[PDB]
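Just the one chain here, the form solved without the ligand, laid out as structure tokens.
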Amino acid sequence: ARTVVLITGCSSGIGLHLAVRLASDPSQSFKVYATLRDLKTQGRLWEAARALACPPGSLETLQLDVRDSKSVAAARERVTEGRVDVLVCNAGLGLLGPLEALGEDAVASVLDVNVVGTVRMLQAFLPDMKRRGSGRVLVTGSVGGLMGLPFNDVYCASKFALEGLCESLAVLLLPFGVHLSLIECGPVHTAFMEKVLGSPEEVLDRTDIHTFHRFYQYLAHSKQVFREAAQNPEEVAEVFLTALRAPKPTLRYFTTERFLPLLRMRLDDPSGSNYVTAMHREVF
């Protein structure tokens, strides 16, 4: 049969690009379920599908809200093949600003979607793969899951959470035949990140003038590395296929090597002094 693939967070970003890259693979060996939390946003994905001319039936959109288990279960009730060969846990949202300026409900949604939502998908889909004795799970990581970044406290917390959650499962799954991989993405040409254009009073009336200024410094610095480092989504989506094809995949794949020198400083010094200091100067 075809390789049944299910991806979350396909309204934009690497998710959208990966769904159409799959559904349009010249080999026609992939049936793709692209999930959206809100179908009102499914336009971009279909305009793209038509642009690559994916054959009718290689791509289906499903409404799936990872915050709701009922929605997660329903989603799998819609997979006709009654099987999922590759599960891509991609849905994820960011959060940027001084910790104190961040609302509790916002901090809650991030963990809820990034971490708990990935747990929900795994709970619904892991059993069958373990029983069949095969399956592949790809989790969209980030370099923010490998090192902490100022003003991204809660975001990094959620990506770090994924590193721990996945490393633990991988230890158990090893003998079960099902493979879990994290694709470590650096900055990629996609909205939100690059589109960070604002910094309202809300921040200011919620923090000190000295933190705010540091924030301005960070946003400025972040705009520069994104300029010199953002990757094309097609290049990143390809890393997912390289991982998907691998006979015996590794736990991590990095879409770039550009951030590796900073990662070396990190475990060359476990007490964290070299890193905290280097990162401070590299930003401020």
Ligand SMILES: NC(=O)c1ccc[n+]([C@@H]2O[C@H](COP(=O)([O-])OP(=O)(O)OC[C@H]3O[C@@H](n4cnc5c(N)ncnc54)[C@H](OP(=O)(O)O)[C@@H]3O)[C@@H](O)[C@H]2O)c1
The other form holds:
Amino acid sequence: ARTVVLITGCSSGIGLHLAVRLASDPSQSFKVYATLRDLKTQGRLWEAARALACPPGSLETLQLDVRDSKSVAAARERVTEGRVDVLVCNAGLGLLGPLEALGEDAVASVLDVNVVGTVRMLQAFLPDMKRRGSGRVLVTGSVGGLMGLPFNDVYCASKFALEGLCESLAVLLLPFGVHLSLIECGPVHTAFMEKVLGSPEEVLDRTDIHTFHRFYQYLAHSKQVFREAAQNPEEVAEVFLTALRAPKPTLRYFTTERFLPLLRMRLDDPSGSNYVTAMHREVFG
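Having seen the form solved without the ligand, the form solved in complex with the ligand:
Keep in mind that what follows is only the chain, not its partners or any molecules around it.
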């Protein structure tokens, strides 16, 4: 009867806010399974659930490690209703710093969670939706998935990957009645460092002095972009709802038009020369 929704990465940010937005919806039409990698981080979720007074049984927490298919299979199994009407692939890791300063482990982790982890969720949940000829999948994208940002080389690699992943799939799913949609967010309030980097001593030991200088410049710039452009996760969460209510969802939703013009010069110069120059002066003056 209710729309069963399964969301990944609900310890914070978009995922946590989206879970509570849905479970507490005045209409009581959503049954929400908020998954989290470690159950010890579930308190912020329950505290938000109490604030928005989610009624008993509208929200459940599941431990789900997207880097593990047995974990993915186990949470799938936990879906009491026997079907998921809306799957939200939200789990994600950030990674910021000079390429040469990133640990191999850190690099592999990011793609394993952002990319292979989404592939796992889709392998486990699409089969059933295709069968029923129904279901919606929302994947949280990023402006960094649409244009390259310096010092976010690997993060962007993973976000650009999701675009390719979802776009290829969408061309196939079109006739199965299964809708997949990317929600492209610009910066969103509630974070730290920006994503994840190392101490300046760590980064200095791992890079040249000039790249180290550039990094600082990028960080100062990003901090200002967040200050003047960051959105409340409440406003971003509502975009996920606009997408899931669309009788005919598009492949892509943007939570803001703020980056569209920059996305435009990128789109209008296939060679990438205009964007690289524009983004260079935009960050490094």
